[PDB]
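To begin, one chain is listed below as structure tokens, in the form deposited without ligand XAN.
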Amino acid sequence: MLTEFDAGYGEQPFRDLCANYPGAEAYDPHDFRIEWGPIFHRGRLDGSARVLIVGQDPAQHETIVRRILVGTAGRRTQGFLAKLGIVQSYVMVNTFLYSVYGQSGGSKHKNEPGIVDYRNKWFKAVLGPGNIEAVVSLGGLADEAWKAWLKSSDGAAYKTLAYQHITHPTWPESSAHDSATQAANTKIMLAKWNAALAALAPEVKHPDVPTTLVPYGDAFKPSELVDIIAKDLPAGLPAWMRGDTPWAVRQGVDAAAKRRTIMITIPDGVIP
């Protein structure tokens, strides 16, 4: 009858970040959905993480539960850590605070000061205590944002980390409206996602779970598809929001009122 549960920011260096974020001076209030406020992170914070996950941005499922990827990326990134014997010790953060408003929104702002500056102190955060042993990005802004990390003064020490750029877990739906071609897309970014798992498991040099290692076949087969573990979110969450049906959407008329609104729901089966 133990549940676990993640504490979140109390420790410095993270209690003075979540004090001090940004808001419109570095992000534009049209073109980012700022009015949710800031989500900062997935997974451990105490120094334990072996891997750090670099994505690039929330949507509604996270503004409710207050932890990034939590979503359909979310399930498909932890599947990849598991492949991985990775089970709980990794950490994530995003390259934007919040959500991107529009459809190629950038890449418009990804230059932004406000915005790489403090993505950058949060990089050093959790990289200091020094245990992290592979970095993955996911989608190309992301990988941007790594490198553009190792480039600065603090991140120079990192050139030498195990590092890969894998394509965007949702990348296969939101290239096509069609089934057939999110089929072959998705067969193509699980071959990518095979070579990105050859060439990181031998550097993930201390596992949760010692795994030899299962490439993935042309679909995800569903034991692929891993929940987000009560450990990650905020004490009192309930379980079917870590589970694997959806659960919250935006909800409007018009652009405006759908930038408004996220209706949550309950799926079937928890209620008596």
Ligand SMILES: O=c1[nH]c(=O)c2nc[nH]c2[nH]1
Second form
2 protein chains.
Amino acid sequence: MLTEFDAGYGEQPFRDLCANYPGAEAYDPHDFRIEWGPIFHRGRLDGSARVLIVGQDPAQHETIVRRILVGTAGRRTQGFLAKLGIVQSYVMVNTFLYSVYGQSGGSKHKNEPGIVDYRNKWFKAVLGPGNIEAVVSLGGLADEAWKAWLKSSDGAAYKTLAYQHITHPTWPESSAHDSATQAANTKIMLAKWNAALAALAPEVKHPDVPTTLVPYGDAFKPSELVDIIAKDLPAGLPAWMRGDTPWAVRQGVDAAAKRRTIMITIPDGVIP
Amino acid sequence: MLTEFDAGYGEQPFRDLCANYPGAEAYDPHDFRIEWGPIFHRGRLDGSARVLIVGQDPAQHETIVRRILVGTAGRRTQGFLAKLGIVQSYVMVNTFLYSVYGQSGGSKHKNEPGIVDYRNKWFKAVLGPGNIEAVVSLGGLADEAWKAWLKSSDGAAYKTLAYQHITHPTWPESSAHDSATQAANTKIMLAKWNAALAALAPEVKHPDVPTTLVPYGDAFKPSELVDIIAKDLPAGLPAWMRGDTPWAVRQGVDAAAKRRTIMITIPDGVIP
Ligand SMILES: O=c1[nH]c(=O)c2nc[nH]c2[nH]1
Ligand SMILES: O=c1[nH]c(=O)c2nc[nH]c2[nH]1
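What would the structure be for the form deposited with ligand XAN bound, given that what you showed me was the form deposited without ligand XAN?
Expanding to the full complex; the earlier chain stays at the top.
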């Protein structure tokens, strides 16, 4: 009858990190959805994490759960980790605290000191315990974020740490709308992902589950889409918030109204 | 620029309480909104609480914030405590972990062992430090909840503790729709609230701010409506979620759709 949960940011240095976060002085209130407040991480902050994930920016599901990467992008990432034998021993952090409000106008402010400095503080903290043995960045901006981190004083000691830059999980659906082109690019992604998994498997010497590598096909299998674990969510959040069915979307008659609203809908089958 | 927050349930005995909570085996899944998961509390759990508030059941605002009494009822309660000099030294718990559906019935189940046993555990925990000097129940069901606690072995030792049953803060708008009856019923409530404050002022000997009691008039004044404090909310939640303007409602084309959906709308003025 036991249900696990994440108990948040009560221990240092995370406690101070979450009380002194940057707002409109670092993140432009127009090009960033700072109106929803910062979503900080996902995963273990007790030091048991073995792989670090660097994502890009949060979406609307994350805006409700208050943990990053809990949508479709997250479930694809869970399956990627599962292939390495990693089931719970991970920590994820985003390139941006807030969501980009574009227009994909994310790279417009990638050089803001107030933004990079604060992210580096989170990198310094999660890497501090020295237990991370692999780092994976999602997309090109996370890639630039990690590489800019290794060029800083505090991060210079991680140039040797196993690292793979892979394509952002939502690239196929972001690059085209036709199911045909989307399916073709997915095959291209899964092929590139297979190359990264082969390079990381020998570096991950402490998996939650010993696992022989099984590569992706041309398309995703349902088993390669893994639900977020209960242990990642705050206390009390229902099981369907970490299920396979979408439940949050932005809704508005125009752009101004759509930005101001998130609609939450419980999947069918929960309520008798 | 420091923003405080509640870091949840990482310390015992609360950690185990939030990992082993009751579901459909104690709360009937039709007469209770268990689909949204449990909302546990609001306030201090470090032992600095001086006043215990016992509420009834959570609403749609609480379902997003994941703390109880953050809606209009909560803001009226804040102002009630503010008159006793209490600004942050409090802890609040609901009679039910979930929000009844309806209802109609709403009290069919007030005596279910699976419900009361678990609530008593939360009572025992918050009261353990022996720092609570006054208890206030909201509504008739919260009143019976406290009385059921005093009839238990572990709770018999609190029959001596100063206690006041006041009317549930959202009763006037619950009793009638015409603004005339609402204003009339409010006057009756504020009269009963003033009666409770007269009885509790000498019992609250450890206020965060020494304050001379100012009784209510015939209607609520803007100053007697106090916004929930940042320290009560999880890390990252934006300031407007603890503002004076409603931003959450259940909405649907029929009863079934309304139960499955919550609408979140950012107040005007937040986004530039
Ligand atoms: O937290 C997130 N990080 C991401 O990189 C991303 N992409 C889509 N959705 C996302 N959520
Ligand atoms: O947490 C809550 N407890 C209550 O008793 C209540 N009444 C209205 N809204 C409420 N929220």
